[PDB]
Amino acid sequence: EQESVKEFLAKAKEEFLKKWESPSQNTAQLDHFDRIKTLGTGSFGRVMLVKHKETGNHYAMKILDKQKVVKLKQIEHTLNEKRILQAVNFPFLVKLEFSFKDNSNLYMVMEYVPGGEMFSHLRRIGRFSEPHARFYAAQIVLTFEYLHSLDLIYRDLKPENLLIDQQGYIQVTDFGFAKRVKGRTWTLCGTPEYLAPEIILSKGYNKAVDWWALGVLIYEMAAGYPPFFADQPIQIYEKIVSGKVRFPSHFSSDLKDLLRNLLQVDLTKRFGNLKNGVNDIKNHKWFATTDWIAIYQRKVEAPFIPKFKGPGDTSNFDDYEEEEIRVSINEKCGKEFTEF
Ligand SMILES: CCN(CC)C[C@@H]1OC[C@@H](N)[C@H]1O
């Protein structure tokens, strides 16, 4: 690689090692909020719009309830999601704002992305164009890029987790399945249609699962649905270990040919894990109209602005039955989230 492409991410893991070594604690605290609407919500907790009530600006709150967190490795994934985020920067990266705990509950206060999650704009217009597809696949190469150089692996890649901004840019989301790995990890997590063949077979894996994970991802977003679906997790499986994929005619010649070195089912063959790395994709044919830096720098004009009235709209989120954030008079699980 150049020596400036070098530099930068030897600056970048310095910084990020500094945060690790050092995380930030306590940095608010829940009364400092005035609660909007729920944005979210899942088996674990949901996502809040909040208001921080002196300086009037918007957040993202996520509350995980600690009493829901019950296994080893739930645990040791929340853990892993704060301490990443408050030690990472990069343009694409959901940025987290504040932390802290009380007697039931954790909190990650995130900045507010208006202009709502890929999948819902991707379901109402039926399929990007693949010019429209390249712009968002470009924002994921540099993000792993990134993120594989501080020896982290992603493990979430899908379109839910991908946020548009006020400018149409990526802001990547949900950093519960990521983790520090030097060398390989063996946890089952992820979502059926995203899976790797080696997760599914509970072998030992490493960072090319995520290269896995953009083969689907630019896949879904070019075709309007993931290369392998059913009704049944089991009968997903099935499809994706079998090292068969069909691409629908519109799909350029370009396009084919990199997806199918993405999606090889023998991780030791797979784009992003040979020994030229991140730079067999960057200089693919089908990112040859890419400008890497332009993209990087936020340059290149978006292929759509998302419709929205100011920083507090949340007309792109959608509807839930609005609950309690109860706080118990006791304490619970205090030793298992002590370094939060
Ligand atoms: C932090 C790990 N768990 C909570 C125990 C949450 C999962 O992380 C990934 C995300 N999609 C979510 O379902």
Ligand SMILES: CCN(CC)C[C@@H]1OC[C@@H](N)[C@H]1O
Second form
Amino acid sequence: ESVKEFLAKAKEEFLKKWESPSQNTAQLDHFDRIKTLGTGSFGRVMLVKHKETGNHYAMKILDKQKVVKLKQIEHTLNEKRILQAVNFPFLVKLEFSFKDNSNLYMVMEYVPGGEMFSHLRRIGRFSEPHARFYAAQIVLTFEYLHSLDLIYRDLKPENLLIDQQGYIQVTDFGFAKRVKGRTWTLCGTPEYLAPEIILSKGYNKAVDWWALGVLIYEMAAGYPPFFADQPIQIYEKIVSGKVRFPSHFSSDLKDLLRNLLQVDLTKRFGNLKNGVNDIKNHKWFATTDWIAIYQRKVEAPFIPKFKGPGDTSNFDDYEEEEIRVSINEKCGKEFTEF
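If the structure you just shared is the form deposited with this ligand bound, then what does the corresponding form deposited without this ligand look like?
Shown next is a single chain and nothing more.
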């Protein structure tokens, strides 16, 4: 009932900021570029330094013309609207945003530990305590997002950054949707798609709890529960609802996963009468202090190597391309609300 009051306050704050988003809170020549941290079909993310303060940030730069070309207008505007409106310990903070003739810019706190993905593939797999530490943060994050009627829809280790204290930061919301009932879009990453998405059903927030099962499985095993050479063959396995577990999985872990990786929506944990508490109260989470996780007081099992501010060792190396700003304004009408 402290959770009830907390979430109602959180929803009132979200909705005020959703209805009146912030705009145009810095400009490009306030920053020096340091390094490209990631590329993509219509954008890049760069490590930048704010000239006045010397603070480092991650700057996402989206080429408006490419956004239009790849049909990503709504997704791009939606991500920025979400980021400036949410507030939760495991969601990245949007510090500034602005646009010019060519690009949209979102400036976020720099998360120096990189994607969980790299750490998982390097180490092979996480122990169950290590996996549980990360899983608890996702459970709280989905409890928050779902209470705002936001379905996340692209959970995966790639989308989970690790901060300097070893805790998770979610940065991408390009597929999230505010949807109190059902929605229908085929979207996500093949390994993480819930069966009802593959089967072209109307679906709801229960897809996020299925994806948590896939994440917990892949963290604890080192590989996801359903894989194949091609996505079409991944989908056949997913909808079969046949899963095999490594022999080192505990009984508690297998029981939780049978209940998350549940094809039948009337039986999937997270979607039942008791909602999220079926997950929080499950034996695999018995040792979890949910409040201490929220308060970031639990000692993290893994701390990324960080040699100071602006260390980029946990990201891959990319070819540095120019940041061109056209003499002509591109796509002004499409992006007015950014």
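So that the term is clear: the rigid core is the largest set of C-alpha atoms that superpose within 1.5 Å between two forms. Positions refer to the first chain, counted from 1.
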Practice item. Superpose on the rigid core and name the single residue from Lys73, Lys95, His250, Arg123 whose Cα moves by 2 angstroms or more between the two forms. Key: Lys73
